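Please build the complex by placing chains L, V, G, F, P and C with the ligands on the supplied structure of chain A, with the hints as guidance.
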Amino acid sequence: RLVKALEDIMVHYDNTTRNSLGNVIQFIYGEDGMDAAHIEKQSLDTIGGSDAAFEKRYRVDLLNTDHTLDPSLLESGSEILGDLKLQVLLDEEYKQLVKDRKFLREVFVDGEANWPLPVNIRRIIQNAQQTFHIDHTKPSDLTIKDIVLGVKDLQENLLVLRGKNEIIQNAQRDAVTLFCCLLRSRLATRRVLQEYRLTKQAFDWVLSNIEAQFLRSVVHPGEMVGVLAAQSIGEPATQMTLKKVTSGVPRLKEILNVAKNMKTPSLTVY
Amino acid sequence: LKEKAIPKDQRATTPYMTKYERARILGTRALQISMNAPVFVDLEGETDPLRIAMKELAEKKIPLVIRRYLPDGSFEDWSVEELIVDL
Amino acid sequence: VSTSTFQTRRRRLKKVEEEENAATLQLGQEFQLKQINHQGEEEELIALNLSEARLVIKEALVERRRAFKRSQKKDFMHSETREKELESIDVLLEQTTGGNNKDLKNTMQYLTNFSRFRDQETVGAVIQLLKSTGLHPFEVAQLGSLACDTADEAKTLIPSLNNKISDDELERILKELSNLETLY
Amino acid sequence: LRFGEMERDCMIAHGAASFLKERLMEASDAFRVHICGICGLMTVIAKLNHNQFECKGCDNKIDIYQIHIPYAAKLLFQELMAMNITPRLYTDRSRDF
Amino acid sequence: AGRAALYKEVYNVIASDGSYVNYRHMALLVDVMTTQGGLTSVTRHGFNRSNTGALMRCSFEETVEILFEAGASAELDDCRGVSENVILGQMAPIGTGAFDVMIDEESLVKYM
Amino acid sequence: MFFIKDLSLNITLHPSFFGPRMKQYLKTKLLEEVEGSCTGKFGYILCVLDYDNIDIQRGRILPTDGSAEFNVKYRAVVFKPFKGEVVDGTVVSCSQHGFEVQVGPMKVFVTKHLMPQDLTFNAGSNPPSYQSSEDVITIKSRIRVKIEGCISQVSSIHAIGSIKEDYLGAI
Amino acid sequence: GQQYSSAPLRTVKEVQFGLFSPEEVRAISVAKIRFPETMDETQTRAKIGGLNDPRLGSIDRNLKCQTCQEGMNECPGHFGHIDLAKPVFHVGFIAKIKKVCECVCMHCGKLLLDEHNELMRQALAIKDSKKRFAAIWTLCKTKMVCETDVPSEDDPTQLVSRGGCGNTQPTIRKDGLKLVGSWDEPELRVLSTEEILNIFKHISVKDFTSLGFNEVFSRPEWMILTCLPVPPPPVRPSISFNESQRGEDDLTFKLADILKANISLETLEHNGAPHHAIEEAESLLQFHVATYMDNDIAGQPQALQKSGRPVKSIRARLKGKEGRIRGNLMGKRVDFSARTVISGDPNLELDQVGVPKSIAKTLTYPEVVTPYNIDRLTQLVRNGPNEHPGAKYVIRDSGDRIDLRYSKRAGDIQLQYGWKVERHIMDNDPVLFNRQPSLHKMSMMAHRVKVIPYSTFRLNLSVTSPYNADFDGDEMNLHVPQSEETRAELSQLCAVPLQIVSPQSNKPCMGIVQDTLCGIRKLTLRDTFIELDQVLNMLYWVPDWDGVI
Ligand SMILES: [Mg+2]
Ligand SMILES: [Zn+2]
Ligand SMILES: [Zn+2]
Ligand SMILES: [Zn+2]
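If you read the protein sequences in the order shown, they are chains A, L, V, G, F, P and C.
So the first sequence is residues 840 to 1081, 1092 to 1119, counted in the entry's author numbering.
Numbering-wise, the entry's author numbering comes out as the position in the second sequence, counting from 1, plus 68.
So the third sequence is residues 3 to 76, 112 to 221, counted in the entry's author numbering.
Numbering-wise, the entry's author numbering comes out as the position in the fourth sequence, counting from 1, plus 1127.
Numbering-wise, the entry's author numbering comes out as the position in the fifth sequence, counting from 1, plus 1342.
Mapping to the entry's author numbering: the sixth sequence position 149 is 149, numbers consecutive.
So the seventh sequence is residues 3 to 185, 195 to 560, counted in the entry's author numbering.
Next comes chain A alone, as it looks inside the complex:
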């Protein structure tokens, strides 16, 4: 029933998901336009933890004795201590990170951080580690401008829908969004220089690999998702070997048949 119900549903060439009549089912498949293969369970560090560990982990104030990075983690670390033109950008960064924490505690009310996203970063870092052999005993050669402006210019490239008009633009910004939050979670001007000493070359390399892998992880127009989802649900249903409320196979029969007179009604009032 499922397979014969969903056959003619596939990602077309504008990442729309329509049927043999062209009526739109989704405007981007999976509400992200992303192929389910290149997706891995990561953990956005912007959500969990106290505000103490948050500021301890992401705040950089060049205008303080204890809130500025040690000039050992950067050559220019001693001749920037007190530079006020850059604290505008550092404050913009920290503001944006806090905005993430609010937005993602708003969408993910569990506070659950482990969630599946494309592009696995916490390996893409170690590839730069063993590939460029950066010892955690020399200072970086990255200006803060390269970090902040670098990531900010990176987000402009992670495309999913190429378009001109305002509509497709907002559709794109909503098509990414959740990824950029992890991107800012792992590319913080502190962790980038404190946790894993990045050079400029390794940094641009990480941006390149991120852009590439991301572009790879997009759905391929033509992919018949209707059949894929149909069998993706029908297969585990067969692997079902069956508080006393309807569950399992018969409940599923009620769901698909859409019956007014279910076995266990019941409701939950908080």
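These are computed hints drawn from the structure, not numbers from a lab.
Careful, some of the hints might be misleading.
Using 30 Å as the maximum straight-line C-alpha spacing, the simulated BS3-like pairs for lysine-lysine come out as follows [claimed, not checked]: (1) F:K1350 <-> A:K1109; (2) C:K15 <-> C:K330; (3) C:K419 <-> C:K403; (4) P:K27 <-> V:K36; (5) F:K1350 <-> A:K1112; (6) C:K217 <-> C:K143; (7) P:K83 <-> V:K139; (8) V:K192 <-> P:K164; (9) P:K83 <-> V:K168; (10) C:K34 <-> G:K1201; (11) L:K129 <-> C:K431; (12) P:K73 <-> V:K16; (13) A:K895 <-> A:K1003; (14) A:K895 <-> A:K1039; (15) G:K1183 <-> C:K34; (16) C:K330 <-> C:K176.
Below, chains L, V, G, F, P and C with the ligands alone, put in the same frame as chain A:
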């Protein structure tokens, strides 16, 4: 009852070749090679037309052109030279 | 296979809808007024006459001979009056045609024997004269390739004029086309 | 061996269309039939040794086509005609979409 | 909110055993049910009533009478349907069949 | 009368010819299928115009054998008779049942029962001819005939005409 | 198939469904059909010019098809016809006609609600035909008396008159194969077919256009049968035996009975017969029509045939599962297939599959003669169809077939370009390997070939999970592609190393199990230690070992 000829500009589709596009290109070309067709690469000792079409792709020396169709009935014409082949 | 035309329609199911041809300006549905041009232009229905068409196929065979010899690797013979044209068409046709097109050989024979002219300028003034009358291209053709010494003769051999032009004014053009004539 | 519906669904999931067309035609059923222009029926009288066709009744010997479909589908249409139902087969669409 | 409670319930069905399925599949299904105006069921009387091709709907359960009323009420078929290209034994506009191919004569000559 | 029509035609092409020679062969095959043909739809195909500029466009590959289908748009000189079309011509064959005036690629026929009563038959001469009170019509004779009937058949068109109407006959 | 025809090959983009007009049926039929006898020119082994081939389809490997001939393996069959003594309902449209006669009054024959009724335009609104008809039927089902004068949009004082005739319409309902209608005490009279036809023919044009009917393809009066289309012999086969035996199909018998009852009903007209005694055979003709199209009626009729057979109707051929659609057109028993018991081999790679020699010599692939391989091809042709890397067929460009186990030029053979060589199956070829049931995208994957002895399909261990197979005798299936683009599809789309990551769960669906999975923990210990002599063989076993101790 006319033409939805999408110009070279205002080109919206992905600049990359889908695994399905690539698959049917290597397929069709390999067939044509086996149909005793002119090959546009130095074979360097190759007798399997699939492999030969693969070499034709690596050097982007295939004359084929993909017509990507859109739901409304429009079409973007892309060349196998234009399309980046990542995959 | 099957050659299709530019003015293409689709009368589904209606297997019985075809008008009958007639002399009184009733041509097939493929030969109405400004027929459809493949470029997308309501182009006027094209009609030729004798000799003129011989010139058309003549230029076509000139570009066909020259373009036919441009790729023959790995400045013009013309003039020709009457018989030195009849003999010269043959080799050109057998070089730049499949030869099997016997209809082409017969049609060229008819197009040069009953050819009313020879010069391009003459038939040009003919086209300006008859097309200046504002008549049907079929009429421009017939009056462009018949010899009617009398307005009654022209009105007889063409049941399409009649009340489209007066007899003596119709004579006015015939007295000019009688002069505009290449003597054999 | 049978190539049932589930075996079809899997190949639709892979998106391998030429393999399916191969498996449903040259690999099993397969048939060439002529169709009239007006009536989308199988009225054509194929005189292949004389290049003569005709669709009598509709009176057509100029505009007649051929198509490659599985003989099973041909028999299906002959049965639906055996229940007085005309499935007009048309080669070109007339609805933009 | 109906679609939301539906997806959530189904997710409790699949995740009851602990087996995981990527959001996009289930979400695709529930989207298919809601994207009509209400709850379109997944049965004979459910979705096979829509404007889909006569043969596509024909290949599910009721069949004969669907072709009867399709012949009576002069239905015309889009042929965009998967199952219908399957019946005609043609290249189904499916992934590999979702585009056309041509030979650009210019680039063709510019390899010699 | 002769017409000039816009025509389109689909030609399939084997993968063997997928080279720079391709654009040539197509045209060389079009002239083999189009020129010399005849059908009541658009009369006789005589000559294709402007060989130097004929449009081909790209063609799609039939998705089972590497063949490629092309749609070619062109212009051609055509000709087909009509009822009541007065045209001149010359006889080719003649006997006791009437004479056959040939015009262009088409064989027009005229019946004894259609000629004037003063004109009669003459078989006692080589070649035979129809003798009148003043005129004689044999083979090479010019006659202007008004076409009355038209018949299409396979790859040829025949017709029936008259000389009884005024302003017709030998010219 | 086969024999070129000078016709332009095309595809299908529209499929328009209509209803046959009796004029079309009587304009397409090749023969009139009068004799209800099958073959045997009165005990003469041939065919009577009456049923199955007075002109149409051919049997017994002969020509004769209105000069079409082309034998059996080319002619599609040509359609006949048979007249009717009187009009007869259609078995599936009775439910419709019952609801159409309730929307338009008899006597006159026009709609019961004009545009002055405000709920009528509300039906004429949505262009959906199948729901517009439901609306109109939901409206005029109450009007059981026709109308002529009705107050319009103004006031009930202003009476606007439409078309005349205002007789009472009955409360019609279906009984068996006929309709019932009651018009103080109501009255009853038979609603014969001739009335329904004679009244539907006078329905107005916009009424056709408003009840979902078509002007040229599907009119309501074509729901009533006037002439029956005789199917050609291919629809009703004659599976016989020996030479002097029969074996016609059930459809031939039902059609025969239809012809019998039709001859009886038509002879009862030129001869003396009462009104309510002819109709006893009229409902018999209508009956044989009904059971000929639908013999699984929900009503009392069941209609067997002599031998206790319930008669396979036409709808019984088409309804799904082992039927025309779900059993043939959506799933066939294709050629170039093989199935057998399987066993796991820990010395193969993932994508490989161990095919036995017999299958390798039995399954074939059509290669083309090309300069790149003509030495190989000729070598194979000369190895013959019994030494493993051989071939078994050669096809010329003239469409001729050349067997290799028979023939006399079995060792000669001058292969020319463009010819075809049906070779055997060799290693590293792309095949489609699967296990039923195919409830999974992963259930059919492409495999590289390796030819081996013994009669077992041999497959790698770590590929049991996406196939879900055990070695207690489970049989596996295998298909072989047939074009170059097809095997390209299999190799660049359906390859096993491609389908390691499952999109259904964003996770690899191919682990390491059992003997591999057990000992690998035993090996991965601080207590596990190997000494030299074994270590070297361990290293050599790694095929991609860099040769570094
Ligand atoms: Mg078992
Ligand atoms: Zn027809
Ligand atoms: Zn036949
Ligand atoms: Zn009435």
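A quick look at each hint next to the structure:
| no. | hint | verdict |
| --- | --- | --- |
| 1 | F:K1350 <-> A:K1109 | 18 Å, holds |
| 2 | C:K15 <-> C:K330 | 25 Å, holds |
| 3 | C:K419 <-> C:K403 | 14 Å, holds |
| 4 | P:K27 <-> V:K36 | 28 Å, holds |
| 5 | F:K1350 <-> A:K1112 | 18 Å, holds |
| 6 | C:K217 <-> C:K143 | 19 Å, holds |
| 7 | P:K83 <-> V:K139 | 25 Å, holds |
| 8 | V:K192 <-> P:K164 | 17 Å, holds |
| 9 | P:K83 <-> V:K168 | 24 Å, holds |
| 10 | C:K34 <-> G:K1201 | 23 Å, holds |
| 11 | L:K129 <-> C:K431 | 28 Å, holds |
| 12 | P:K73 <-> V:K16 | 28 Å, holds |
| 13 | A:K895 <-> A:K1003 | 41 Å, violated |
| 14 | A:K895 <-> A:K1039 | 24 Å, holds |
| 15 | G:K1183 <-> C:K34 | 15 Å, holds |
| 16 | C:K330 <-> C:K176 | 25 Å, holds |
Comparing the model with each numbered hint stated earlier shows that hint 13 is the single one that does not hold.
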